[PDB]
Amino acid sequence: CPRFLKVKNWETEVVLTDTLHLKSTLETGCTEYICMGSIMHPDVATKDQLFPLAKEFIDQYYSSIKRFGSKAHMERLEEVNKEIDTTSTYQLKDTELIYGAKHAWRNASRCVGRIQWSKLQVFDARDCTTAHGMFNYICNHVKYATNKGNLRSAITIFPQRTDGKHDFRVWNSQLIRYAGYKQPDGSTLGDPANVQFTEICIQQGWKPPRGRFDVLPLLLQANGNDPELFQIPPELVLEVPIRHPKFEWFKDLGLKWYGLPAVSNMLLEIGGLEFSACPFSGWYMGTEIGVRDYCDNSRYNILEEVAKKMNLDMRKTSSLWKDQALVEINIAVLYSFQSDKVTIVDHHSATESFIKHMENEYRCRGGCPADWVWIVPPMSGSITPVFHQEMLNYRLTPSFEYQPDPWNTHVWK
Amino acid sequence: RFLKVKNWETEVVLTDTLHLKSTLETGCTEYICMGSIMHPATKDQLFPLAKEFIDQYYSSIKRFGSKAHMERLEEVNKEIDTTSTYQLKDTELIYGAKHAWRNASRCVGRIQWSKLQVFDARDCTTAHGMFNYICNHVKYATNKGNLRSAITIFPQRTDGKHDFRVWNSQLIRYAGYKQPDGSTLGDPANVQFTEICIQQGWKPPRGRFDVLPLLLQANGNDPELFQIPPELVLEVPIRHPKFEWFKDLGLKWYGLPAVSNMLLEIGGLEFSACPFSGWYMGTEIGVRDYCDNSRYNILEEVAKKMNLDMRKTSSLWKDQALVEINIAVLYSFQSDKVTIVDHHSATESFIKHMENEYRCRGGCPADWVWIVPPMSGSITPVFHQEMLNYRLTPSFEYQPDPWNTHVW
Ligand code: HEM
Ligand code: HEM
Ligand SMILES: N#Cc1ccc(CCNCc2ccc3ccc(N)nc3c2)cc1
Ligand SMILES: N#Cc1ccc(CCNCc2ccc3ccc(N)nc3c2)cc1
Ligand SMILES: C[C@H](O)[C@H](O)[C@H]1CNc2nc(N)[nH]c(=O)c2N1
Ligand SMILES: C[C@H](O)[C@H](O)[C@H]1CNc2nc(N)[nH]c(=O)c2N1
Ligand SMILES: [Zn+2]
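Going down the list, the protein sequences come from chains H and D.
Counting along the first sequence from 1, when you hit position 268 you're at 270 in the numbering used here, and nothing is skipped either side.
Counting along the second sequence from 1, when you hit position 159 you're at 198 in the numbering used here, and nothing is skipped either side.
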């Protein structure tokens, strides 16, 4: 690969030069002969695999604190190396853990919210041993992050993987999600995305209310044990009913959503250590709710019902009745959150902030990996600045990774 | 390996084998994806490229290894020897052009690929000849509003010093003017080309939607200006079916999108002049042409007429005015019986086309970044469709703007 790669913004004509890509650690799944940029996803580590990965990260850490090659650096390397030799693993210091978490976010090419990366509250839950404790740590996370509507981003990090048979896992895909129930007649009640997880919860003993917006219980696995159910205290679950500034009837749709998006099934990888349970949270971009959660056909799918109430001509697509309904729904979402003083960002502000963030990263870091397919918002793409912005995608570590759903791999005790 | 692609709405999984046939690079590597980057001869090189194309041509007509296949190959080799190049048969030219369209990863309109009217203009020698072929193209393709897809193919490149080039980026475009106050009148995307035409002697009406003259270069010579006969230029006045004030905006557009600056590559041969046309997807005009910042940039004016709250962005006033503009464009063209397609119909057709290509061809190269429409993305099926992108030949390639290469 060449040392410099340039990206252009076709709207402002700004050219940026990327050197950071040289530090790319893993495969994209693309090759010289095929691109996989629209593909969704294109037994532990050994001693000898782990030494270079740890050293890679420790060097990076001491470089960031302007202490590279120092006595402390060399001593840290020595300590880590001896630990790997005598335990087949090592323990990050609190500083390294915080650094690592923040940089995994900073490195998330698909995240448009990264201007905020350095402001992340890191909760160290490496002393956890049980599922009740995981629940305690998660309740505190939710309360702190929610902050009565003034949301603050956070992550809670559970003990790293050891032999792979003692993994800590949050089985929920987010800490807060709505149940989906498949009906005998083929119809789905609730959120069709969560039908499987809902069924698993019901099997472990959850008594479902069988409603449209039932907050799911936490299903938590500690130390490789069977997972346990806990109900989140409802006072900790901030929710927003959806209404519209102009349409009085919109409240009658009975919509609501939760304030706190909190992804809980990703793997955090730092210096070759694997944190299989690392629930993190920030706040919502409106389109995630107004376009995807609400208007996807395999989701709540409300376009038709909203369109009917708007009295739109729904017999021609070329009337763009879908597009019209889609805008209003996204207005109602933003209006509802702002009126209830719950943090949310519209897709224009967010993309504009990201362009600023990306430019700053090119200047101070030599680049900023970004996945245009994910960064561009699901509606009104070209009237946001990121549509016009060339991006380079590559994988830096520390990183957040996907992992198999735990029910697919768990050995029941 | 065989690769799978999934649609996340329908869970339909298709299997790609076609990608194994490509030999041109994408610009990506194992370590860096460049899917959002806009742009990532000798006898010696010439024959195998020619040989490959003949092979696939004769393999497509179920006569691979035939006497004619063998003879044609001999014929082509002997010709590259004795002339440093070769000439495509009519049949091959038509097949080549349809397949460049078919292999065009960014085109959402490819379900139409095999219905392409091919005009062979390889006997052209002068810019006057070019003008005549182009007038015939425009007239045939416009067809009183019932548009028909077409391509006109001018002589292939020889030495680079005798290129045929259409200097216009599209046969029909509007002028853009730099005003004394630093603002732009008309289409800002065309300000450079407009000044080149003015320098050449074109008398500008200096209005908002002035049809630019053709600038035609034959055989490496200086380009010549030509006025398209007005009666051949179909235009649509944009009005809204509910907002009776929308016509007051004075917006119009042309019916015929006819891209004229690309390069058609067939069997190693280079056609630097190959203007082609189909018809519009509404968003091209209603989202990009009208609402881009660097273009007509009408969003603000429209939202004012809609009396929207424009003090905060979270009112989505931009998004509202955008949908209304695009409704107007679709309504206007349809009311005037001018062929057009909305982005829901077009993306649906594409998903169907993809399925056809996987079934009969083992794949379909597709550029998600380009296929997904610039508005209402995830409420169209292509957003949720995984795609594989790879470069197959024959193809349409970009080429440098001719005013950067030409010595006068
Ligand atoms: C603070 C406000 C934040 C905003 C506005 C934001 C915005 C977004 C959005 C809109 C996506 C696309 C996801 C989708 O469409 O489903 C995304 C992806 C992602 N974000 Fe952020 N985010 C924020 C905070 C965070 C934080 C705190 C972290 C981790 C510490 C994070 C890590 C990620 C990762 C790893 C992805 C990729 C998800 C995937 O591949 O499935 N984000 N972000
Ligand atoms: C018949 C109706 C057609 C429709 C509705 C259609 C639609 C589109 C659209 C919306 C684009 C994106 C272009 C942009 O946003 O600037 C595109 C790209 C493209 N189309 Fe089609 N198209 C049609 C016909 C054709 C024909 C007849 C050809 C050639 C014979 C063709 C070849 C291409 C190529 C090469 C591109 C990529 C150009 C680039 O990379 O800049 N299309 N098409
Ligand atoms: N099928 C499927 C399928 C669809 C989406 C995803 C990824 C969803 N991740 C969403 C996500 C992740 C992190 C976020 C951080 C902040 C925020 N506001 N939203 C965030 C949203 C995976 C599988
Ligand atoms: N700067 C810039 C810049 C902007 C756009 C493009 C690509 C333009 N291609 C437009 C294009 C090409 C072929 C088409 C075929 C049919 C159709 N309806 N539209 C079509 C539109 C290149 C450079
Ligand atoms: C097929 C395609 O890769 C898939 O639908 C992607 C497209 N871009 C996305 N972008 C975001 N932000 N979130 C998503 O879930 C997706 N889905
Ligand atoms: C940077 C990015 O590749 C560029 O803006 C592309 C994005 N996708 C596009 N898609 C279409 N259909 N047309 C375009 O001009 C572009 N522009
Ligand atoms: Zn790629």
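Be aware that a few hints might be false.
To be verified - Some chain D residues well away from chain H (every beta-carbon gap over 10 Å; in silico):
no.	residue
1	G74
2	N185
3	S384
4	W447
As the list claims (entries may be wrong) - Taking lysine-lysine pairs in the DSSO-like style, the calculated list, with each CA pair at most 30 Å apart, reads:
no.	chain 1	residue 1	chain 2	residue 2
5	H	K310	D	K217
6	H	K318	D	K90
7	H	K318	D	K60
No wet-lab data here; the hints were simulated from the structure.
Note that CB positions come from ideal geometry on N, CA and C, so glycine has one too.
Results of checking the hints against the structure:
1. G74: violated (3 Å)
2. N185: holds (17 Å)
3. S384: violated (6 Å)
4. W447: holds (27 Å)
5. H:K310 - D:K217: violated (47 Å)
6. H:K318 - D:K90: violated (49 Å)
7. H:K318 - D:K60: Status violated; Cα separation ~40 Å.
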